Amino acid sequence: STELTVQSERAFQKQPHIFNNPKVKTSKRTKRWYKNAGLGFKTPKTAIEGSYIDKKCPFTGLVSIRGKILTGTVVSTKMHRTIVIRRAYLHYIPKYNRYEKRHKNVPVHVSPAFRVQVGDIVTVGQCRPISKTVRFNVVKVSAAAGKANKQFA
Amino acid sequence: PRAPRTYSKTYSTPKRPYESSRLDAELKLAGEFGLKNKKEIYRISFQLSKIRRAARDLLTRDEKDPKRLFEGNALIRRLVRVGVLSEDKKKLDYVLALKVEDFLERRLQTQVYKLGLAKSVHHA
Amino acid sequence: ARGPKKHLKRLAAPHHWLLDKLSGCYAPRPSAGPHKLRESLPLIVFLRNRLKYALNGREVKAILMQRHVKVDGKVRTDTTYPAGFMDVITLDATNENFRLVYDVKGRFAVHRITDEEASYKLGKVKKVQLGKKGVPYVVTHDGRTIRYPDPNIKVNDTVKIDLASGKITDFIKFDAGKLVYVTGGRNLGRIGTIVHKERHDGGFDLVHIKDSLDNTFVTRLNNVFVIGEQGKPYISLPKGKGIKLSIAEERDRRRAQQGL
Amino acid sequence: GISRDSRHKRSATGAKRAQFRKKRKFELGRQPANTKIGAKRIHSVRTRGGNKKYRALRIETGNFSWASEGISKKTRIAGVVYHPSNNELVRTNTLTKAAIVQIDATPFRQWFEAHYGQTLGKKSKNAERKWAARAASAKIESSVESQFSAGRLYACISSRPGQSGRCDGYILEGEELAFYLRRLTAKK
RNA sequence: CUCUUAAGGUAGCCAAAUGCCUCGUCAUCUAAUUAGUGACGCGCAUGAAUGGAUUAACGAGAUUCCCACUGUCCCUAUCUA
RNA sequence: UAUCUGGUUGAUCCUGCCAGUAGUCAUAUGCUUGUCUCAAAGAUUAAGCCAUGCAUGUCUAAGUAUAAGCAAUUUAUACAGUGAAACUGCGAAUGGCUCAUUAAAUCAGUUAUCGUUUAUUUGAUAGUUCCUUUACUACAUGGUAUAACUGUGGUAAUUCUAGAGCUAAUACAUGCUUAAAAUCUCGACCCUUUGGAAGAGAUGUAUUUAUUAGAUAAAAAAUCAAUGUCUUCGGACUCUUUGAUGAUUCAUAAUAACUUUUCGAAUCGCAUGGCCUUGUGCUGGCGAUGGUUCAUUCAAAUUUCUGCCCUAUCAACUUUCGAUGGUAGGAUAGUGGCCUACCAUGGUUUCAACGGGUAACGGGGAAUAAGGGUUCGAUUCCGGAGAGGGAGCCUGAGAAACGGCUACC
RNA sequence: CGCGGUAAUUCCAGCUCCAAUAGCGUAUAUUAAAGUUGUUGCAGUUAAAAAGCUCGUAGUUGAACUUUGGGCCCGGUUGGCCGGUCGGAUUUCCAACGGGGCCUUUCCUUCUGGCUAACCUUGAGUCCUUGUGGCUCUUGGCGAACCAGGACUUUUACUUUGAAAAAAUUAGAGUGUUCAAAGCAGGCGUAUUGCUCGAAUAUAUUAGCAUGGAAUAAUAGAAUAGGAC
RNA sequence: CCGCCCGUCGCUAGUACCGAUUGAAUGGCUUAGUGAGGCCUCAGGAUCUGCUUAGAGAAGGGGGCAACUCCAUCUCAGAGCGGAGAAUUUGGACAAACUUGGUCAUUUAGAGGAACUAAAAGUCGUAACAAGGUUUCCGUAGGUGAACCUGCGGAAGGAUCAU
RNA sequence: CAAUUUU
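Protein chains in written order, with full-length UniProt numbering: chain A, 2 to 154; chain B, 2 to 125; chain C, 2 to 261; chain D, 2 to 123, 135 to 200.
Treat the hints loosely; a few may be bogus.
Stated by the list, open to error - List of simulated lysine-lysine pairs, DSS-like, C-alpha gap at most 30 Å:
no.	chain 1	residue 1	chain 2	residue 2
1	C	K75	B	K65
2	C	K133	A	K43
3	D	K54	A	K57
4	D	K24	A	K15
5	B	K90	B	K100
6	D	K98	A	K105
7	D	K54	A	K26
8	C	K128	A	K43
9	D	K53	C	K133
10	D	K10	C	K134
For the record, the hints were derived by calculation from the structure and aren't laboratory data.
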């Protein structure tokens with residue numbers, strides 16, 4: 002739900018306890034914090050040279066992924082700064098000895114360092130509750146559909 | 002509150018309720034032994050029909066398991082031990098073959114007539 | 002609801018106490034735990050469940066008040082004091098010095114030791130880090146925290162301690178080839194001594210465990226607890242010897258060891 | 002008491018939770034402080050587990066940094082300027098977190114030009141020892157000291173006003189001057 | 001079957017603007033109602049383009065009830081042209 | 001102990017039901033009644049009403065006692081006992097009862113707290129408190145403010161209380177010292193310097209911020225700017241620490257400061273010591289408490305995954321009276337629409353949302369028994385809720401307590 | 001279902017008999033019987049029932065084929081062996097077998113570090129009857145028989161094992177509560193101040209948690225090569 | 001077939017259904033308004049207080065004829081600085097309780113109307129069962145004391161498996 | 001072609 006040099010709103014947005022000295026002026030001009038995630042997860046490359054602040058970020062912000070890890074697929078990116086994903090799963094019933102599909106879908110906050118669409122096979126991670134419904138955050142997209150920058154016409 | 006006491010009734014009446022060739026096979030069996038009522042000839046046939054209900058599911062099991070081995074040669078040890086099944090039927094299927102008068106020969110009132118000693122089963 | 006429930010009743014008990022149900026009442030609730038959870042052991046169950054000296058509850062109450070029965074050098078002069086892992090129990094005159102270890106089936110023992118070896122515990126160290134005033138602190142099985150340890154023991158080892166001062170004497174490592182005395186699970190405490198371990202990272206971690214009976218079985222990491230290297234053992238080893246030999250042959254050897 | 006759990010408050014799908022468990026004590030929030038100015042009228046509640054929290058209205062004095070290192074000079078607060086969340090507290094003089102305060106800015110250029118004594122820009137044996145040792149340092153920035161002419165400067169808050177009973181912020185730095193000097197200044 | 005002088009009130013409707021007997025009888029509305037309403041019908045004497053039965057909108061049409069509002073009343077006083 | 005019989009016709013073979021059969025921790029009821037051994041018992045509807053009598057207090061040697069009791073000793077001549085009270089401390093939040101409400105709600109398993117607070121049990125842990133930091137003024141030991149009690153009262157009653165007389169402490173409230181080194185800002189002075197140095201002092205911890213540190217692959221150097229321990233001075237070249245995670249701004253240390261200052265003994269019982277510098281010289285043991293932090297337990301709070309009978313003669317449900325997110329703040333013990341300001345227009349749904357019913361507390365579990373089931377489970381255990389109906393409450397670690405309180409019906 | 005309309009084998013009694021029996025009928029709600037609810041397992045011409053017919057998203061179900069056949073070695077279990085031995089015996093091979101690793105055109109994940117571990121490395125000494133058969137310091141010498149790191153393996157269903165699934169109740173071993181329901185204890189020595197076994201075991205659905213297989217049911221990248229070392 | 005069966009009407013009993021009453025009661029949530037009580041909070045300050053008392057109501061001294069504004073003794077005094085603190089009290093939230101409007105569900109009263117079932121004793125007929133004597137049945141429209149009849153398009157479940 | 005009952 003943002004673009005355009007992400008400092009946007011009625012407060013200034015900056016990471017807490019972070020201080021580059023304004024009297025010091027070297028050739029890097031960056032003191033931007035990040036971390037490693039855990040779980041054998043790499044951190045993505047744009048999450049080091051990002052510009053977003055947004056504390057609800059999984060990598061640059063303040064969460065720690067420590068819960069039940071799931072996997073699903075996206076039904077909408079039309080929801081702003083957070084994504085709802087669909088999980089389909091079977092359910093055996095003992096009486097009729099046959100399976101039945103019931104589902105349950107999950108909303109999940111995402112880093113702005115990812116750009117996803119409907120479809121887009123995705124896994125998430127369970128975090129401390131960022132909002133009312135959502136208790137999850139994305140970790141890696143890996144949207145290995147067809148035509149990874151292929152078609153000419 | 003203190004614990005539940007656990008207790009079970011120990012007899013189950015037959016399901017066709019009464020007919021001639023069932024009742025006459027009672028009265029000659031339960032009359033020459035001369036027993037009290039049908040409460041006891043049911044209750045030995047109750048646990049007779051439950052140990053065969055136990056036995057023919059480990060008989061469904063194969064050997065070299067635990068259960069057909071371990072308790073399987075323990076109740077057939079115990080059926081030797083109770084004096085009912087004689088010392089030649091350690092074969093795991095003849096327990097299914099025994100029937101009445103063999104759970105009756107090893108009670109008191111029948112066995113004490115067999116040593117003399119009682120002159121009848123009703124003096125016994 | 003509203004505060005801590007101090008009354009539990011029997012037929013809710015940690016069944017390895019082996020309490021019947023015709024007395025069947027409000028159970029002996031342990032005190033606040035010195036060491037670990039409600040897998041512990043109160044005093045006034047032990048004196049009249051297997052040790053079988055106490056008869057009335059007022060009579061075992063008339064034992065521990067006079068500073069009679071001693072634990073870890075101390076006395077612990079209140080009634081339902083819990084008992085940790087491999088706890089030493091110093092007795093009075095006639096000198097029946099005891100020790101709790103657990104059998105092949107999770108139950109305890111009827112175990113007695115001498116005053117030799119009865120001066121040290123083996124504590125599952127689990128949280129070693131440095132605290133304020135710069136001191137590295139260490140924790141034990143009983144929480145008997147000890148100042149200024151040997152740095153780099155590791156996490157998740159066991160240590161030989163003093164029980165008069167803090168002063169751990171000899172630590173031990175934890176690698177491929179030890180001897181392990183696990184507790185927790187259906188199959189606690191045979192010995193496994195190692196065969197393998199892996200990463201399994203985050204969820205749990207597993208230790209593959211194999212006694213002289215040479216079957217191997219897998220147990221989560223928080224239950225494993227070494228008491229030495231290959232062929233070490235530190236303690237007076239009990240008479241069931243930690244095998245859990247199988248269901249048929251124990252009946253078959255009791256058919257033999259009664260000497261018919 | 003006002004509750005904090007979600008046993009009320011219509012759920013995700015829109016289904017009403019017909020409520021059970023009328024409200025307890027362990028989830029209790031309470032009426033705000035909504036602090037003021039006016040020299041140290043503080044009370045003290047006692048709460049969960051045995052604990053102190055200081056209700057703070059009419060505070061008077063904070064401490065504010067460079068923030069090159071964190072000097073924390075003793076400083077009285079003066080007023081309230083601008084706030085991100087709402088225009089509630091500008092014309093009621095409440096100072097919250099992430100607020101903007103003018104403080105006094107008089108002991109700072111006092112300190113900055115007595116401990117240095119530059120003196121920009123509107135002797136003894138030790139200033140030749142210890143001040144002269146700290147030469148070539150006092151170059152700071154224009155628009156952080158161009159407000160050191162009229163007498164007073166801005167600051168922000170980064171401590172909790174109403175809970176901790178304190179007010180410990182810092183004066184702004186660098187680009188965060190240039191942001192809030194674009195926020196409130198687009199007025200006339 | 002039956003007789004006047006030809007065939008004998010069908011579908012509907014009502015004490016209705018048609019019913020003297022009448023303030024018919026029953027239930028509801030109000031403390032009290034010969035006024036209303038909704039039912040009954042062997043209707044002195046209802047009724048099928050002398051049109052019967054309904055019906056949204058509308059009416060300076062007739063009528064009963066309820067809510068607000070008031071000198072219509074208790075119970076009158078005062079002021080102005 | 002995987003089973004069937006009578007009845008549609010003058011007779012037949014069927015679909016098909018009715019009735020008979022058996023069991024029920026499945027309840028009453030009729031008749032009858034010798035023996036032991038253990039026990040369900042006002043759930044069914046009226047979670048409707050209650051007379052009365054009880055159900056929660058407590059003390060050691062180790063808090064306070066001039067009982068104006070009884071001890072009655074031998075010292076306990078201030079007194080040590082047994083102490084009636086009464087203050088002080090912990091308990092009363094667990095138990096025991098019931099099932100009214102309550103259909104992704106509780107609850108069963110399953111995770112998590114790097115998103116939190118702890119009364120105690122255990123384990124360790126404060127020489128620095130003085131700013132008058134030299135009229136600290138007493139620490140070889142301070143102050144008041146009071147109970148039972150005395151003697152005076154009212155009202156008819158209630159665990160109703162008043163004015164007057166003293167009085168206590170582990171109650172309130174102050175209060176100074178313990179050895180000791182050492183690091184650092186500042187600087188008596190003189191002498192001009194690589195400027196040295198007396199000494200003004202800060203230096204225990206907590207609360208609040210701001211800041212820094214919290215390492216790492218393959219190994220050595222060149223040029224310039226201040227430019228060295230030794231000093232052949234173009235020369236030997238830097239010595240240097242890392243906890244722990246799968247993952248942190250974590251634990252921790254130091255800065256520069258702040259705090260109606262939080263913290264560090266004005267307490268009691270037995271034995272009566274050691275040493276001569278024979279005197280409150282000085283040491284001088286063990287209990288019984290109690291306090292700062294950090295872990296263990298007891299906990300308590302949220303908390304992700306799946307599972308919840310019947311109805312489409314309930315197809316759309318939600319959003320200015322928060323619906324769904326973001327940001328910022330408050331408030332909490334603690335994340336979060338938990339509440340507010342602003343901005344955006346979303347979220348569930350024929351894999352059955354939403355609404356309605358439930359003689360619906362959920363589960364472990366019962367009764368039935370070839371296999372697959374069906375119907376129960378208010379109730380001997382676990383967990384949730386309630387103490388006429390709702391609502392708010394001070395104390396306390398822990399109550400939205402109801403054998404606690406205030407208000408309305 | 002029918003009995004009773006001047007002898008009722010069904011009514012009311014008296015005798016006799018049948019039944020269960022210290023219990024026995026009745027009343028209501030239930031489960032089996034009921035294959036009269038049906039997945040396992042109904043019926044649909046005439047007994048109740050097949051839409052008047054045709055589209056149609058759901059949802060369910062969907063042609064086939066994508067590595068076989070081997071040979072060699074190694075040890076593993078059970079029944080046998082003149083039985084050699086006195087239900088114990090079994091070296092040897094047979095049978096029934098299953099498992100691993102190779103060569104089969106051959107997936108035999110990519111490496112970083114010390115351990116690896118060994119001569120094929122290697123001077124040979126050989127303390128020895130065979131001259132790395134019994135051992136030694138051993139060079140580019142097999143690089144991991146092991147921990148902790150980079151690395152990223154189309155994604156599941158299924159199924160094996162293990163963990164978990166509070167405990168009592170249901171099973172089930174043991175145990176003469178005099179027997180049994182039950183309990184979980186007891187049992188024996190010198191009775192000269194004691195020895196000792198126990199308080200088993202199994203089920204506990206589904207959802208997870210690791211763990212092998214790749215047939216079975218789907219799934220994806222090299223058509224414009226922005227393919228692959 | 002001297003079979004069986006079909007309706008209307010007459011009596012006897014009972015079942016729900018629809019009903020005027022801008023019906024009623026309980027409950028759910030709501031619709032606008034009313035606001036108790038206990039909280040936080042602006043005040044409030046009665047009633048207790050502390051260091052300091054210039055002077056003295058009181059009387060005794062830093063020693064002395066009084067030789068100095070001091071111990072002397074209570075508060076008339078200046079109040080300087082404060083503290084504890086009861087009633088009262090402003091503003092916010094929680095809102096019990098209450099009123100008015102809806103909507104939904106649950107029960108329930110109601111003069112009368114219109115069915116339906118049962119017992120066979122009936123009174124008019126005989127449509128159905130034979131080709132039931134006019135073949136029979138299904139839709140549909142109209143009449144009809146009553147079953148019924150008749151018009152149309154079907155079908156055989158028939159009274160024809162055939163030119 | 002007339003034709004309808006019969007406990």
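Taking the hints in turn, this is what the structure says about them:
1. Only pairs whose Cα atoms come within 30 Å are accepted, and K75(C) paired with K65(B) is rejected, the gap being roughly 54 Å.
2. Distance hint between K133(C) and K43(A) is unfulfilled; the C-alpha atoms sit about 34 Å from each other, more than 30 Å.
3. With a CA separation close to 28 Å, the supplied pair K54(D) and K57(A) stays within the 30 Å bound.
4. For the proposed pair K24(D) and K15(A), the alpha carbon gap of about 38 Å is over 30 Å, so the pair is violated.
5. Restraint check: the Cα-Cα separation between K90(B) and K100(B) comes to about 14 Å, which is no more than 30 Å; the hinted pair holds.
6. For a cut-off of 30 Å, the pair hint linking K98(D) to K105(A) is broken: about 40 Å separates their Cα positions.
7. Straight-line distance between C-alpha atoms of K54(D) and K26(A) comes to about 42 Å, which puts the hinted pair past the 30 Å bound.
8. Restraint check for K128(C) and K43(A): the C-alpha separation of about 28 Å stays at or below 30 Å, so the hint holds.
9. The suggested pairing of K53(D) with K133(C) holds, with an alpha-carbon distance near 23 Å, which does not exceed 30 Å.
10. A hinted pair counts as satisfied when its Cα atoms are at most 30 Å apart, and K10(D) with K134(C) does not qualify at roughly 48 Å.
Of the numbered hints listed earlier, those contradicted by the structure are 1, 2, 4, 6, 7, 10.
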